[PDB]
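Q: Single-letter residue listing:
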Amino acid sequence: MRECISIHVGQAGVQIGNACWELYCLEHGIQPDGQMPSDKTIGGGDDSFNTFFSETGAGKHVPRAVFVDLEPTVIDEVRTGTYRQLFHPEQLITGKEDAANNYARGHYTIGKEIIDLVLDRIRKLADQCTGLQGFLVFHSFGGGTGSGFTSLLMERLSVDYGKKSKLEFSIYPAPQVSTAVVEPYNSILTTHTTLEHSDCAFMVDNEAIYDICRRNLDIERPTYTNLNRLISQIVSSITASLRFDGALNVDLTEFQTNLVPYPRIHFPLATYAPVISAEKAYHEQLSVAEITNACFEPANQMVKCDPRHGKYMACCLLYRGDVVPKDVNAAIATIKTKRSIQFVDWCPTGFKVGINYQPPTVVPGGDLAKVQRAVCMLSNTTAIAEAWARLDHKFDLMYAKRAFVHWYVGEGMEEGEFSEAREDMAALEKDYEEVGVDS
Amino acid sequence: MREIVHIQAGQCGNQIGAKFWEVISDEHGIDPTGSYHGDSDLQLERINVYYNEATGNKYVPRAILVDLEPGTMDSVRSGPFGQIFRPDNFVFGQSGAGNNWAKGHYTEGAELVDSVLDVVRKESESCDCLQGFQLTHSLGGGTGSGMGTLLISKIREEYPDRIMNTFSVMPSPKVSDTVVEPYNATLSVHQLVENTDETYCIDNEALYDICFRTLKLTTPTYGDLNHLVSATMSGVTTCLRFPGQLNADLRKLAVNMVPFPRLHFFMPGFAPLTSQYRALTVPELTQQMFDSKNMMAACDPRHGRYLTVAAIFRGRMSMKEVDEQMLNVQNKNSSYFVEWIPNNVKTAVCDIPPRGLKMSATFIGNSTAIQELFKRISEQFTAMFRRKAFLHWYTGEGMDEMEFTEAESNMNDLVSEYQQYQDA
Amino acid sequence: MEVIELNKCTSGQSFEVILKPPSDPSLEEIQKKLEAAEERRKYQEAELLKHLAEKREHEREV
Amino acid sequence: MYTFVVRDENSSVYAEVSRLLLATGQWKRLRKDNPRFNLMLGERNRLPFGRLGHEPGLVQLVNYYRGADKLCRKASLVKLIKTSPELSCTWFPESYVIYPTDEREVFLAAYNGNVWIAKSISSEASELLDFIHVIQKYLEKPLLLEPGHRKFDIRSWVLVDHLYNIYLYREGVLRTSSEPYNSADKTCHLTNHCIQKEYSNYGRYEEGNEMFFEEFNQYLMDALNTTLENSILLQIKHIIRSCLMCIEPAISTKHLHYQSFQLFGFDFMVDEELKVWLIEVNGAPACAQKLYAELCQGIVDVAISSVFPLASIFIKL
Ligand SMILES: Nc1nc2c(ncn2[C@@H]2O[C@H](COP(=O)(O)OP(=O)(O)OP(=O)(O)O)[C@@H](O)[C@H]2O)c(=O)[nH]1
Ligand SMILES: Nc1ncnc2c1ncn2[C@@H]1O[C@H](COP(=O)(O)OP(=O)(O)CP(=O)(O)O)[C@@H](O)[C@H]1O
Ligand SMILES: COc1ccc([C@H]2[C@H](CO)C(=O)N2c2cc(OC)c(OC)c(OC)c2)cc1O
Ligand SMILES: Nc1nc2c(ncn2[C@@H]2O[C@H](COP(=O)(O)OP(=O)(O)O)[C@@H](O)[C@H]2O)c(=O)[nH]1
Ligand SMILES: [Ca+2]
Ligand SMILES: [Ca+2]
Ligand SMILES: [Mg+2]
Ligand SMILES: [Mg+2]
Ligand SMILES: [Mg+2]
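Chains as they are written, first to last, in the deposited numbering: chain A, 1 to 439; chain B, 1 to 42, 45 to 277, 282 to 360, 369 to 438; chain E, 6 to 28, 44 to 82; chain F, 1 to 88, 91 to 102, 125 to 136, 144 to 151, 162 to 173, 180 to 231, 235 to 250, 252 to 362, 373 to 378.
No wet-lab data here; the hints were simulated from the structure.
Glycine included, C-beta positions come from ideal geometry on N, C-alpha and C.
Keep in mind that the hints are not guaranteed to be accurate.
[Said to hold, decoys possible] Partner residues are not named here, just some residues of chain A that face chain F (Cβ under 8 Å, in silico): (1) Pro175; (2) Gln176; (3) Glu207; (4) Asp306; (5) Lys338; (6) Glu386; (7) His393.
[As the list claims (entries may be wrong)] Think about it this way: if two alpha-carbon atoms lie no more than 20 Å apart in a straight line, the pair counts; the simulated PhoX-like pairs of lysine-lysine are: (8) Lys311/A / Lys70/F; (9) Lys247/F / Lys150/F; (10) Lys25/E / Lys336/A; (11) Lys184/F / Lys74/F; (12) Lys13/E / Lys112/A; (13) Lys311/A / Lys280/A; (14) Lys338/A / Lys305/F; (15) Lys150/F / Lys311/A; (16) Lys124/A / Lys60/A; (17) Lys338/B / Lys28/F; (18) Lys82/F / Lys338/A; (19) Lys311/A / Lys13/E; (20) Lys311/A / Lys338/A; (21) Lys352/B / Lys326/B; (22) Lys184/F / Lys150/F; (23) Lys70/F / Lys338/A; (24) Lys299/B / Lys218/B; (25) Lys377/F / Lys305/F; (26) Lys62/E / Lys112/A; (27) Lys401/A / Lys32/F; (28) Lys13/E / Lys326/A; (29) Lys338/A / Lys53/E; (30) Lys112/A / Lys53/E; (31) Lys338/B / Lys32/F.
For reference, chain A alone in the conformation it holds in the complex:
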């Protein structure tokens, strides 16, 4: 058995961390006080859940997480929340003052002075690992910490663990639930710096989730709680393979292998269904074939884009619940005809599937209704380059007047890191075109 260390950076990474680790506890039956009755090997084991949890002699199951935030306010709520007894006080790391929505202030200025402590706190986890696989890093594109400190951490992690896999869950920035006009700046900047250090990055567009919460849970003003509890389900589907008995996606290297042929193109589009309101009185439970068709509607993607207009390089289907393969290859067979699904010529048109028979867990009292079957599709499609185009235009509008640049330079950055980072994104946009369209 091989361990995985999760790293939550900034407000978004920490609050989504909370959403995931609560769900992991509900799924593996771990109580808020760390105890796990079903776990009979006290104080150790090489089970699948031990990939994410370590165990103390007194029987407590302890996340292999580290939480980092340049200000204390948000990790402080973990420090006192329903799962205070879950983490080692040393696992929750907070600074004095945050990065004030400034990439360069999270990377260069404030970043340089907590980086050695965080690596030392991560090291104390790596040392508890008999064969560590690598890291799952959670952060916003838009925060100053989330973008700036994370790319400082992703730099040193390639240095202190060059032979370890690094996966990203990235919150992409959306106006109708956002916090700073300069989020496009921090977005491009951190993506340029972090690219070669991440092997696989799952991008969650906050506008996608927000609209999904509006349309499917009929919530007028979705909270961060609404947003994060749904993000958890998708992260739980993606990680389930690492924490549970299975033969698909069983280590972080398998995510690179199965979803990432071209290494710069490592942003698999996630789709998820069904999202069903728990205040929906009468609800007709949907079928295997129904929830697999949903995986091809834009309105269920974690990034709004039109995959009919690019080419697939890989597709993975992860079901949770009452699903059998017969149900699945039937539904696939029919969808293959009626939908535009075009792979690249040098890739096999096919699906790797996985079924965990445990149906999805929901936070008791939360807004998601429990269902008997759900699916998460992970398709490396080139239509996700739409989200780069969008970000890169917003960056182009401001940077042509140098608006707000002075706040970066003020921290020691040079205007050149701006045009270097945007020249990198212009290449990444071109790679996607070399792979997805014909003359």
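Assemble chains B, E and F with the ligands onto chain A, guided by the hints.
A: Chains B, E and F with the ligands alone, transformed into the frame defined by chain A:
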């Protein structure tokens, strides 16, 4: 804790500062004796931003009261919450400053500043994570204008990585003490362009008009004008004194409001104009707030474009209907926003309304129509300086005509910079 | 439409379904940049304190 | 009141759709690059579809269909009919795709008499292949108009709204070479305003070379004992339906974050046996002169105001 140090300098600075503490102390439950008698802990959650704790667990404003004559300060002390203030934090001299910038900045002011910075220093060192400083002052007199900007230069020297924010009242012929007001204010604006991160331009012309042809007051006192300043200052600091989805602080406000380091003079706005039991509906807050008639700075914002905007609605209202109504007036008036700063209008909601209003909206706008203000002062300035009139009051305190030409020159640049972004 | 590596077990199943076939920087380099930024910060601050020092000697001359 | 921008300035017909829009007192125009619009009238080439439908509180509509060039670029139009099963199909000329795919090999399997045509005309392969672009058979026996013995093509305008309702404009145009028809010498072989406004007497047997619908029906009646509906328009409606129902799943904006409408120009040939043929589809068509008012208004009615309501002349297909 991200504490703020508040400083009020001069006559206008100490009367509006005094009203500010009256207003927000009521909003925070703190009675005139410094004791807290409120009902929610939302009042106490972020209360250390502007208050230090006491021994009797009372609350004392992190406020320094500065003047070059005592006339206003003993009046503040005798006024409403006068005894709330730390008694050592009253720093003052006796000679006055004579509505004369040079006396505040160079002669009389320099004699008193070190003692002011000793209180700054004492107040600053207690702070767990001081964000910076908030100065209230007028620009047309002598203490608040001349000494005020001298304090700002020193504070920047001692604390160059803290944020400097000012509330700065602009002279106007319509509400005027002396004719040298354009001289004093041109000199201060040069200091403020260089040494503040955010300045709120409160124009005395705007406060007068609002008071005349809207609040239907035929002869408005300074207390009528300062009532309007109380309300804007409360609203412009709501996101700082109260918890929310927004973690607003001075540094984040500047990062998001100021694309260019010199263009950091904000036009504030307010609705409804108090001086009423039918609360305003969210489309009324929105239409009024953006009306020319609700700006505290006396520029028609239809004459130039908004670089950035930040608005807060206070009350219990349809969060969604705010978003609906905001995005409406933007896309009915998109001719007055810049197309090259994506998502430059930002909105917030706060469930706690201020006293006596169920629905209110404060607006902070970084508009290029604020060049109308600096043009107005620059015209009044040149009208005298071309004949070197009234200059003797300044050359008798050490200043050269040179220092004036430069301040005239640097402010006409400011007006040029603002003009080049109106067209882009 | 073929099916390969069907994998059963107690927790579920996994398999593959084909529809058609086909035709790092060092620590020192980090420390460099991270310190060439702190120098740029310190330079900018020294220029600030120099312009302020000149204001003092103007305040002293007036 | 609604918001629209204009980004193909020299568009014959959408210039007039943009002008009628202002004139209703309910549509404010913006600069090209202002992103807060309800309605784009986008670029011919490289319209940025990936940036549509991402403005909170903004319903956005665009006058093009992402993916509609499958039908209009004659290269991919042939590939579409050859590759798509819904198009077995015996109303498209025999066509081959060739490069300076491609299909030069089986291009000659049918060569035992053969005369063809190509641009983007000859009877021997060499004369045209030196252009080192598609290759079609030439309609050697077209229908002729008398007196004159004239060729002509048929332009039908077709509008598809955001819901994929297919609207055929009631009014069409014949565009005839108003000179007799021969055999070889290349003037009346290409009959429009691209080998007739410069090379070819420019408006002899009718007006503007534009014989409109009412006249042509009348000719068919007296000259052939049939009508334009029976002999021709049925086959046209069949071809319009077939093409657009074919690509509908590739380009529909039913469950998309923005919505598309688009106006098309189909061009047909009729032979002497009164059979109708598709020549090519035009993604950005210009209208015939006298019809602009009726059609440019019908756009705004069913494509524009349908989505953005305010305070027939088409045939549904
Ligand atoms: N989905 C989701 N997005 C969040 C959450 N919290 C913040 N965001 C988004 O993240 C972006 C802001 O970045 P933050 O994570 O708040 O920044 P930070 O890492 O704390 O960095 P600072 O600038 O120092 O505060 C915006 O797009 C927010 O919409 C969250 O809990 N869930
Ligand atoms: N298969 C065919 N049979 C007979 N005539 C044909 C023909 N294909 C083309 N033509 C002739 O060519 C002309 C049609 O031109 P076409 O519709 O192909 O436009 P085009 O090649 O100029 C591209 P665009 O119009 O978009 O610029 C007609 O006059 C017609 O006589
Ligand atoms: C122009 O874009 C922005 C402006 C301010 C901010 C935040 C920014 C981050 O929270 C900050 O500070 N804002 C803010 C501050 C206020 O006073 C302190 C406000 O009114 C009282 C206010 O109203 C919205 C906002 C974020 C942006 O993206
Ligand atoms: N709005 C407002 N303006 C004031 C007030 N007191 C003075 N002013 C204005 O401030 C300027 C004079 O400054 P003042 O504070 O009196 O001089 P100082 O004490 O030397 O700084 C003039 O423009 C007056 O119009 C006040 O209480 N409210
Ligand atoms: Ca165990
Ligand atoms: Ca003296
Ligand atoms: Mg934070
Ligand atoms: Mg006075
Ligand atoms: Mg034609």
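Q: If a hint holds in the structure, say so; if it doesn't, say that too.
A: Comparing the hints with the structure gives:
{"no.": "1", "hint": "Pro175", "result": "holds, 6 Å"}
{"no.": "2", "hint": "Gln176", "result": "holds, 4 Å"}
{"no.": "3", "hint": "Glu207", "result": "holds, 7 Å"}
{"no.": "4", "hint": "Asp306", "result": "holds, 7 Å"}
{"no.": "5", "hint": "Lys338", "result": "holds, 7 Å"}
{"no.": "6", "hint": "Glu386", "result": "holds, 3 Å"}
{"no.": "7", "hint": "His393", "result": "holds, 6 Å"}
{"no.": "8", "hint": "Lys311/A / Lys70/F", "result": "holds, 16 Å"}
{"no.": "9", "hint": "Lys247/F / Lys150/F", "result": "holds, 18 Å"}
{"no.": "10", "hint": "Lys25/E / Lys336/A", "result": "holds, 11 Å"}
{"no.": "11", "hint": "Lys184/F / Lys74/F", "result": "holds, 14 Å"}
{"no.": "12", "hint": "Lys13/E / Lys112/A", "result": "violated, 49 Å"}
{"no.": "13", "hint": "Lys311/A / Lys280/A", "result": "violated, 37 Å"}
{"no.": "14", "hint": "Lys338/A / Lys305/F", "result": "holds, 15 Å"}
{"no.": "15", "hint": "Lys150/F / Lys311/A", "result": "violated, 31 Å"}
{"no.": "16", "hint": "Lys124/A / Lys60/A", "result": "holds, 18 Å"}
{"no.": "17", "hint": "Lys338/B / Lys28/F", "result": "holds, 9 Å"}
{"no.": "18", "hint": "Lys82/F / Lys338/A", "result": "holds, 18 Å"}
{"no.": "19", "hint": "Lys311/A / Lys13/E", "result": "violated, 31 Å"}
{"no.": "20", "hint": "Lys311/A / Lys338/A", "result": "holds, 17 Å"}
{"no.": "21", "hint": "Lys352/B / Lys326/B", "result": "holds, 14 Å"}
{"no.": "22", "hint": "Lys184/F / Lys150/F", "result": "holds, 12 Å"}
{"no.": "23", "hint": "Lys70/F / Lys338/A", "result": "holds, 18 Å"}
{"no.": "24", "hint": "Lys299/B / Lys218/B", "result": "holds, 13 Å"}
{"no.": "25", "hint": "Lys377/F / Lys305/F", "result": "holds, 18 Å"}
{"no.": "26", "hint": "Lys62/E / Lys112/A", "result": "holds, 15 Å"}
{"no.": "27", "hint": "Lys401/A / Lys32/F", "result": "holds, 18 Å"}
{"no.": "28", "hint": "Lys13/E / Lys326/A", "result": "holds, 14 Å"}
{"no.": "29", "hint": "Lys338/A / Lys53/E", "result": "violated, 53 Å"}
{"no.": "30", "hint": "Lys112/A / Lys53/E", "result": "holds, 11 Å"}
{"no.": "31", "hint": "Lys338/B / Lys32/F", "result": "holds, 17 Å"}
In this structure, the hints that do not hold are numbers 12, 13, 15, 19 and 29, in rising order.
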